[PDB]
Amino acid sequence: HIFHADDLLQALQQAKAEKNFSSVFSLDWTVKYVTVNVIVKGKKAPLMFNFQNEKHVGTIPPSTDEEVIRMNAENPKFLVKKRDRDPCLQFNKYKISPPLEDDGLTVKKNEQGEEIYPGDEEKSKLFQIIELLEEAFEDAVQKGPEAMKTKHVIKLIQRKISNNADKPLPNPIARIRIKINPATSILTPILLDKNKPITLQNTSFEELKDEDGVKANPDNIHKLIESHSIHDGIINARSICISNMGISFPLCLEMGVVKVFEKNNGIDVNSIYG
């Protein structure tokens, strides 16, 4: 079963207001995996949900040194290095950045000293879900068995720079992992092209493919998922991870439909000029 994002968000908002998270979030109590179940519109099932209209902001680094040279040769301010982990999708709290100063981290203020932030129409709904899943995971872990409660919990959402360091981000970040099978070197999720609707034996989309016609793979992916693309898909959050360093709540893309960024789209004043 796949929960619809809207229903899931509406059900974690109501549990949050009723101070009762275990009404919809429940864990089925080296490395070890434990199942995440959720109850939505009266249905209990392990946690898989969909998402729509989410703006990826970030640069997936490439896998070959040749591609590192090329990308850096035409973007000297924002250098990349060869990719040494699975790619991530990055979805911020706001779909547009709030007015920032020249140092790039301090948010401009207004007439009464109030920091400015975009209207709520610019709030990411997927981010709002991941915020409340983090609270549920948090609530769950300190309410469970004895051996786990005293262990280190790893956060879902980045709120400040790690290691200019440590200062708080004006637009925090949630990440969706795109897994590469390390034995086989095959990209795990199915990837489709929003711009290529197709006809169903029964209304689908063609597989996603690069300039030379090849399906998305680890050598492709940095070219096929660029910054400011719009994404729809399905997320697997079926289980938590327990080890040494603590407890994790990983989120992995299982299917995605991808729409590349285009300028002069939509009826607005930016399309009237240029």
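Shifts are known only where both forms have a C-alpha. We call the rigid core whatever largest set of C-alpha positions still superposes within 1.5 Å between the two forms. Numbering follows the first chain given and starts at 1. What changes on going to the form deposited in another entry:
- Put simply, after the core is superposed between these two forms, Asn72 is the one residue in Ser97, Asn72, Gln142, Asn195 with a Cα shift of at least 2 angstroms.
- Segment displaced between these two forms is 64-80 alone (run of at least 3 consecutive residues, each Cα moved 2 Å or more after rigid core superposition).
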Second form
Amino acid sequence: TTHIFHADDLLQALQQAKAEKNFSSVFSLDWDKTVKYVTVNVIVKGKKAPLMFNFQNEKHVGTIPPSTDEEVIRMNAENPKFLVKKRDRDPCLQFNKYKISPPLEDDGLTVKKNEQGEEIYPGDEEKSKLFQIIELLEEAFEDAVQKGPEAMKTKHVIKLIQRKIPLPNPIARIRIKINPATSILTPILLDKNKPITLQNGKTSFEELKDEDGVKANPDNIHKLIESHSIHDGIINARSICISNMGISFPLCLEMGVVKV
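Same protein, different state: after the form deposited in one PDB entry, show the form deposited in another entry.
Just this one chain is shown here; partners and other molecules are left out.
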């Protein structure tokens, strides 16, 4: 069965590897097994396996754009002051370094400084743990690329975290994949506000659905996953993609539990 690493164990292993300056102790790119894919393995508490891990209590911040021209027109009719554009990529969960905004000046862009001239940041209790992991995955990923074959050490390395435009709250994006050959949302999506007891005694959650009882799909996803909703789930990070645009380390949602 597919191993899913626990988030606290993965974070700990990554932190320790950084401390030892040996990311290879935890992160391995299996180079030799058009657009190419290499498996991402991590070793955590003994077990080596492709990178799959769980996450909990992560706050999505951001607006997923609508996918259809009908919804685009509707939203622009209700808000003439702004321009909404059709989504061109798969919808994404966006998770910031902090769950609340650092205090910002009136420009809406610079972080405030205190009496001593210190940039004020929220406390550690507001730090997203998933962001902490992705930070370290990105360095493990960059360390592995610079240690890989020469043809790859030269290629453009795409970053996992947007840190600039100099962002006050950096962003990490989790892709909600829609199978392009079927137009069906791949990850199962459940509603945390709809707990349900099953016959086996366990309690789960109903499927995330819109007002009309339609399960989340590419056309209604922007209505169902909205800003400041809370997410648990499992992230799929089992591979890196070597395309003409460079080497990317895609993060995808394997399964989601949404609380809005």
